[PDB]
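There are 2 protein chains.
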Amino acid sequence: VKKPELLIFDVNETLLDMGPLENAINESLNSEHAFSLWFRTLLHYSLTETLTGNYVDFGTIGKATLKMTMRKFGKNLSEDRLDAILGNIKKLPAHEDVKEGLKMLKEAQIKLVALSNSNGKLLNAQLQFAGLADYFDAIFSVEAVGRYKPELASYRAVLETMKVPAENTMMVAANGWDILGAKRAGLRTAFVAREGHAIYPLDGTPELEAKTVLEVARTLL
Amino acid sequence: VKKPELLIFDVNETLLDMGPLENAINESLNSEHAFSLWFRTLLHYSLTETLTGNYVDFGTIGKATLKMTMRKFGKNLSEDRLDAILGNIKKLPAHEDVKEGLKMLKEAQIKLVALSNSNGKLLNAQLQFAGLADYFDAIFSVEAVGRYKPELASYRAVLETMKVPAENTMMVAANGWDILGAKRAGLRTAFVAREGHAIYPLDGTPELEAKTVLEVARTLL
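Those sequence lines, one after another, are chains A and B.
The numbering of the first sequence is full-length UniProt numbering, which starts it at 5 and goes up by one.
The numbering of the second sequence is full-length UniProt numbering, which starts it at 5 and goes up by one.
Chain A with its partners taken away, still in its complex shape:
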């Protein structure tokens, strides 16, 4: 297996453990499925904004979709409490396997960049809290392209900025849709089979599948 010159990592879920946010939403709305439905609504409306020719920072869409989601569960939380629950987006620790995996990949002289739906400032706060900022040569926000993943221009902007062609770049994501987008932008793909995440069965099969970022690092080395 040929080594990629450049690795692009999804941040939310792929690298960051959503637990603190997932638990805060699930227990405030009194359901294990509350977080899943909200996040999928957030991702849906993020793609709605892009297809309607508009951009809204991820945090803002998050708050709007959380207000919509809380009503389906019969709850009506105060704005103080919504802000407190969302605040957990900035306090997501790294998955236990990521730091070893990244250390291994950076040591093998592979360029490591992040590409997140989070706006520039949120992405910085997220990676500083988890202590992952120093592993990456560059951190790309969709603010820095105007359009949410998995729009093809998001991946291609990272390629042309890092001066690495598509065929020498591998996308690392825990999201079927992020695999699908990268794959259609010409990139190699590594799916991180984190709990409660599936491969998109309609031509969304990645080049590699592994259970942790460490496992992805090992398979490439």
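Remember, identical chains collapse to one label, so a pair may be satisfied in a single copy or spanning two.
Simulated pairs of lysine to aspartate or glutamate, EDC-like, Cα-Cα distance not exceeding 16 Å:
no., residue 1, residue 2
1, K71, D207
2, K71, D84
3, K76, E36
4, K215, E17
5, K79, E199
Hints listed in this document are in silico derivations from the structure and should not be mistaken for laboratory results.
Please build the complex by placing chain B on the supplied structure of chain A, with the hints as guidance.
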């Protein structure tokens, strides 16, 4: 209020009761939230397909996204089972208020059209079964425009075809994103406040809010 020259109706929720499909899924996966998560996942991947320069018929994405969703509820349904559950999409009855609402509007000499994410064949089958086909002068599928709602091109393709200007056309939809889409394409919006549907808080407020299609028809007349 001004009487619109053209009314565009969302089909899958605004007119058709999802009951049979919602109950088939929630039973099979053993959760009252399984339908919500799956359908949101279906819509998410539909916009993912459009943003990655591809089209897949609505039925196919529904099956793929159901295989993804069932795993997240710890079930493993057989293909026979999946096809039986998904078969319900063709057997959705109209909401009680619809036929009376549509008749009232048709008598007022207002051009009525449907715009659905369902492919042409499926959309024809759905409206025949619900006995709603004869109420519409034309039925637009996203197949007949290449791109899923709420992409602005989908609504404008209806305006130009029906020879009606954007300001004389009103979109009727139970979906916050379908209101947002139509609003930003320059159309008038009527939100049908069906159970478990919210308005998108970020500039997604419609011109009219009513509870049934019948209530919409009464408000316009």
